[PDB]
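Chain C is fixed; fit chains F, E and A with the ligands onto it per the hints.
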Amino acid sequence: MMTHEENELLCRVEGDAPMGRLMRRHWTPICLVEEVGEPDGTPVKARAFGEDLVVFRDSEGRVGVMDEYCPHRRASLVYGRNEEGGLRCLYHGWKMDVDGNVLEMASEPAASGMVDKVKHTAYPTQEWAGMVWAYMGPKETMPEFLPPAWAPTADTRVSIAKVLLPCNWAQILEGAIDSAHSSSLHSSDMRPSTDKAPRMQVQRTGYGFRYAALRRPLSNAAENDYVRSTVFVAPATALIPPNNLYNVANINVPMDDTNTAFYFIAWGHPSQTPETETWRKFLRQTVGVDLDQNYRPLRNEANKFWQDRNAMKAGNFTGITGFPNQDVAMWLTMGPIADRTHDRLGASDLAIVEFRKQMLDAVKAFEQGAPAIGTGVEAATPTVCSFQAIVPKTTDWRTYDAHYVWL
Amino acid sequence: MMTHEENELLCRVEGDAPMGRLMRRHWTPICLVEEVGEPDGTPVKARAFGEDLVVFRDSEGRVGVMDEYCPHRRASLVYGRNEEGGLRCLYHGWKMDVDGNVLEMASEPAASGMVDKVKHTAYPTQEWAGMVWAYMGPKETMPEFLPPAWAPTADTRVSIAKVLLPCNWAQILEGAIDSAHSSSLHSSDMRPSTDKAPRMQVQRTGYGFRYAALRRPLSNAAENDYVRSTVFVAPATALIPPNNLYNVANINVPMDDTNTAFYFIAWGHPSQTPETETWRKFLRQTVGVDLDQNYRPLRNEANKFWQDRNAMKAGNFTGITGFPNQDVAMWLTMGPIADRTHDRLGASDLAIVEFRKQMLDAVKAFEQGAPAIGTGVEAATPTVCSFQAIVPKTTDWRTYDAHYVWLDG
Amino acid sequence: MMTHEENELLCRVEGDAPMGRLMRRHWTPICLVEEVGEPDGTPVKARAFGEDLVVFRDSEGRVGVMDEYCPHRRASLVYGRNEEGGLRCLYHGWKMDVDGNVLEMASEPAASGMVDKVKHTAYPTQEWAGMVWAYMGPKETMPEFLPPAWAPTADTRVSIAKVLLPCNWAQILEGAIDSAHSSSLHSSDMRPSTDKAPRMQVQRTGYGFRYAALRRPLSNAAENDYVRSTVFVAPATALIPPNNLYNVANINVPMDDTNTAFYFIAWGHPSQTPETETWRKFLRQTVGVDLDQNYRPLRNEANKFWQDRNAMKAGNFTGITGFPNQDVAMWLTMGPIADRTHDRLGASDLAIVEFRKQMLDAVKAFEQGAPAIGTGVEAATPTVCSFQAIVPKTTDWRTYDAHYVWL
Amino acid sequence: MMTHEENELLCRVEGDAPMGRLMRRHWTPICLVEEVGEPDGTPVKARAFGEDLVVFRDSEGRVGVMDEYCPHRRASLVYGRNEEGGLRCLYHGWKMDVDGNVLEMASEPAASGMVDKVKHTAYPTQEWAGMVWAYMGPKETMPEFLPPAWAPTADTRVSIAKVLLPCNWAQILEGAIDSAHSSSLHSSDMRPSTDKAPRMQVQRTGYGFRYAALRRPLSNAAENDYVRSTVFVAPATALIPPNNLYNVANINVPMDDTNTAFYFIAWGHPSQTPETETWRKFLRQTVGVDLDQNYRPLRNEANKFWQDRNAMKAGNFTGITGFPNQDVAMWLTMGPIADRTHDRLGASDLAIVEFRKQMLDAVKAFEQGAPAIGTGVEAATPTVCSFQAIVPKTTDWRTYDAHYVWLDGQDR
Ligand code: FES
Ligand code: FES
Ligand code: FES
Ligand code: FES
Ligand SMILES: [Fe+2]
Ligand SMILES: [Fe+2]
Ligand SMILES: [Fe+2]
Ligand SMILES: [Fe+2]
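Protein chains in written order, with the deposited numbering: chain C, 1 to 190, 207 to 423; chain F, 1 to 190, 207 to 425; chain E, 1 to 190, 207 to 423; chain A, 1 to 190, 207 to 428.
This is chain C alone, in the form it adopts within the complex:
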């Protein structure tokens, strides 16, 4: 049984919070590449770990991620002019480059003490797989940026739905490591199985854990299992089981203690992996249709996530369209921070139990001096993958030589 205090430790990320300090030891997505446009594009507002950030791509094509508020008198830089190699605040014309250097102050003299040497909070960035990433941890702790398990290479197609969700990251992450839920919630959105009650096994690792959900297959149940294996990559990534054509990953980024940037990714061979808008349409996460311009969902508690009771009477399980929308209805109705003090977990919760244990330990150990889970030598790499396959009851799923879906 978790305690109130453990819940807080697990979930809070703003400012002081140990869990944030840990998370900030990993490279984090801040926003989509598509949001920042061309050189001199419109500046973008973002939010990670309780901090408001401005993101902008300068004349040379470099992407900056900085504190949103001007270093001078803290007007929002989102309104500023992005040109001639920096972002210029509207108010008194201080201009910053993408590394946070103040290149100029319109109403100030000279250069030696205030003009150049003043440095606006700004983080290292990278662009990869359709996202802008930043390292928001102590600077001297920044590792080399390496390909995530779900975007191994410059030629993988990566297609992203982003949805800003008004609840804490941990209940969303839990929903990616919860194989049984597909067999209820997603049962109108379907495998060689109808088994609703899979056996769970978890293998902890240095970066998180891998787990397998074992279902009785429709044929030769005596002989084999339907294995679906998911990878938990700490702090807040799941590699969930692929389909026959492409892979699927979830990364979640805490905007603050009660909001999360949810990224749902189709990835694989370009000829077998949907493009962005196809993927969004399939998921019902189309900007302008399912989401507003800020990728916030139009489905909400007051319209019951557009649930359709007549669809449900007709045999549609949830009456909610777009399987992630079905997920969201469940997560948001748990409240801004799910109260895990009131859970009644079961066999199906095994990987969620492992998540809670592992992450609580990892944050206490980190606070006492260990490496942040999944950093340095520990890291997951693209050798890590989820998969699904009919497997011999006498083969160890943990040693099964599965690779990501390609060609």
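Do not rely on the hints blindly, as some may be mistaken.
Now the in silico label distances, taken between C-beta atoms and shown as ranges [said to hold, decoys possible]:
id	chain 1	residue 1	chain 2	residue 2	range
1	E	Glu127	C	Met190	17 to 27 angstroms
2	F	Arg360	C	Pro166	27 to 37 angstroms
3	F	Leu361	C	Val369	27 to 37 angstroms
As a list, the in silico DSS-like pairs of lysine-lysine whose alpha-carbon atoms are at most 30 angstroms apart [claimed, not checked]:
id	chain 1	residue 1	chain 2	residue 2
4	A	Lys320	C	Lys320
5	C	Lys119	F	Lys320
6	E	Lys329	C	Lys45
7	E	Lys320	F	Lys329
8	F	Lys297	E	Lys320
9	A	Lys212	E	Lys45
10	F	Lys297	E	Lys329
11	C	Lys329	A	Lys212
12	E	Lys212	F	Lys329
I should point out that these hints are in silico values taken from the structure, not numbers from a laboratory. By construction, the Cβ of each residue, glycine as well, lies at the ideal position given by its N, Cα and C atoms.
Only chains F, E and A with the ligands this time, still in chain C's reference frame:
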């Protein structure tokens, strides 16, 4: 560098707050005269210093400013019947006059002495320069109402834009004593200088301070300065440099700790000064177009103050229309109470630093029992004015004998 | 100069108007396959040549295209129940199959054999390339359905934007055979040339014509021509010059005399050709963003097609987003039926002149009993293709051996 | 098969049109009582047979129905002041009484000979059964006003849904003389029968016709019939079969050739008949929810009458809420004026066939000088009533001694 505690002391006005108590030693604008209409007109809701007020113009034409909540069981009087010399609560028919006497209790037997016992809290009021004013301090401290420096007399055209802004008053006031910002923020809304970096000087006074921004003028920069002088009139009024035709003033009234009634005033000779709707259209502060019926801006953070990025690519500096809306975008994005603990000020902030020093000092002194800054003998006058002028480098600006713009210059 | 009577002959299609009789000798797109759904799906409203149609996919997966009004008392069958092998009107329960046989009249005695005697107007249909096609000509004139030039085969990716436009088809058609327009209208959306004034050459065929716009190339304009060839496929199809990756076609179907279903198609090899939603987003034709649910544009004359004057001052040519929406602005402002009586045509209009001449000749010939242009032996095939290429000055562009783009 | 010319003759009512003339020989509902308010109430805009009307209740409680446009320069009197025994035009202050007499002209010299010489077109009116009625025919043809069949007495509860529909009156009327439609269209809205194909029989009368829909009952089907008898009262009223508690009638007033005021009425003993808002909610014809403030439906073609495809997949027949909205979807999708030249009518259409033949004869006869159908000693009275009952096959339904539903199971 201010502490959190100094920032609280400067900014908070509600209830006890020292700065509220200081500010209430001065007559305060409550709402526009336009809002109260005619005798027996619709009652108006206002808020000052964290109090909800009802304002109304009775059958004899007198304006009352009173606590909004009925003294019986505290239903809002804003819904009541304004007629026959009083405001009558709908609920049980208690009727108050402009001075908060209860004239009548519809359901109370004249038997009891109740009707003459209850007095509703109501403030002394004045109407002047198109505003309803009230005196919200301890009554025995009420001074004679004298004209503001920006409304000298009955023959002055005074044209007002009112905007209710969801931030704290002090960040708004600071935006009025901040000469350098025009040269960036308002650069597409232009004077005989292209100088963006004015050198600043202040002269402290009994009622606040005057400051001058000096810029190199376009011609004869060798021997002359372009002097723009702004007057800070404590607690929260800036006489901003005039143009060639008319004067510009700003008075800010805290509605509470995180909201302010902003009044942006064109005043001068009628023949040279725009009318109200012309001024509002010029500033894009038109009720029904830029503002709702309560004078709240339709521009906001969610719509990004209607900033148009294509206009900015085309060369417009802020892509925001109406110069005060460009100011508002900056003030509001600093958050409901700007955190000055995080400022990094520079040369261009000298008046703002002065303001913080003087007001923190004035509030401390006032708590210790000194008179509230700018009251009694020390009060600003119509002779105090902002000014703009090409001035010889050998003339001390503090010495320039300026008058407020009138006719012919 | 065209006369009023020639303008009407060319443009009108309702009733027995000869041009509509001519067009109905060709298999015609009625709606997209994506509107009709699964077996027993929601019936769809369509309109072609002045007739309101209902389209539905029955329980066996067959598509019907039928007069919209019930043959009983003419209630709309769009509201009917699509199930159990047919479409049943709500009012008295008459049930039709996709061939317009009445299977049952809920309320009629079976004895007075009326159920066998009543047939409902229903048209032969075909599904191909993501569209539902019908043959709306006299029944015995129905030709074998062959693949159109832009959808050669079952392994071609065809991605379709559909827009319902409130003007007559012919002006929309003309817009696809008007090469010089790209060099103005679409100048901010572009090429091997900045020649704004192409010289024009046309070659008539039995199914339409091909033309070439010849531009001065970026140099070697002494040696070469930059050739873009478009193919007019009568009556209302334009195969437009490819890009280096995929092919583009336009087929327009008159809904009536003043409205047109506009189909703008990307087609080619699946790995080089965008998916539907990608195509629609590129063109700003996304349902729910640019279009309402009936595929009508939200851009219109009262909102000036969302023309942004600020973008124009910043150097964007039109201030209108999505190049087809730029064309649409121009077409709809010419009025419901463009008044060709008041054109002042120039050299750039040669292909438009050919079209006017050929279609007026075609329909005049057809009234006197000539086979409809482009039917039978003369019909365009996938060997007929548009192209674009530098063409050393000394070659007949007419002899150029282009194929569509594939890999 | 009707001709185009016969369709036009049956349906058009504006101005000269003979059907318009025929219909105007009957007292006509113009609006609901509840629209006219109290004395000095807000003037009401109404429209019958192609004329725009203003309706107001004056200071003394009387109701006027008059040409909407001021007799002076034709400004709308709907905007005028209703006070001091009259309606005064805002423009130049001409003031008219409910009889159309000009009481005053604000700007005309007191003894300008013009005052008591201008008469504005104003019709005789009657208030009854929660409606304002007017006599819009030639004044010397006006008959005494008698109770409608469906509102026999001052003690009767009458509850009305009014809906302004954008189609011609005749296709709406036909919808009420079409027993078979209920067994399909209204099959999710349901009786001692599941028979979908009633046998039909008609009995012509001097005011219209009665018809009987005969279905096999669910018990003793070989001996007994379930009889639903509807009465058509010309020109545009149907007394529809009652239920066990109360009575149901439809009166339709053409607003012009392509718009119709539809009144749908529950009536009977006050303790057995729902109140107005009850009835409206049940039918989904509530103002502010189903209808705008002018009683126009928010359900339309563009939103497919809010047809819910999922409800249909779950087994609801039409996916449209409130049985009249189901009717309306069918009527309006036939077009502003249904084209009867393209019908293919079967046995179920017998009452509609009869209505078409009867009303085309009546308007032909009338145009040539016969009395208007259903005027005079010929008038339907409250003795005429629809009914529903199980009846032995050996009994003639024409003979069944029906009375309108009243109390318990006893007559009135
Ligand atoms: S607040 Fe940004 S430059 Fe002054
Ligand atoms: S609350 Fe105001 S009179 Fe009672
Ligand atoms: S109108 Fe369709 S079955 Fe009667
Ligand atoms: S128009 Fe009515 S009084 Fe003149
Ligand atoms: Fe899920
Ligand atoms: Fe400003
Ligand atoms: Fe074009
Ligand atoms: Fe019905």
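Contradicted hints - numbers only
3
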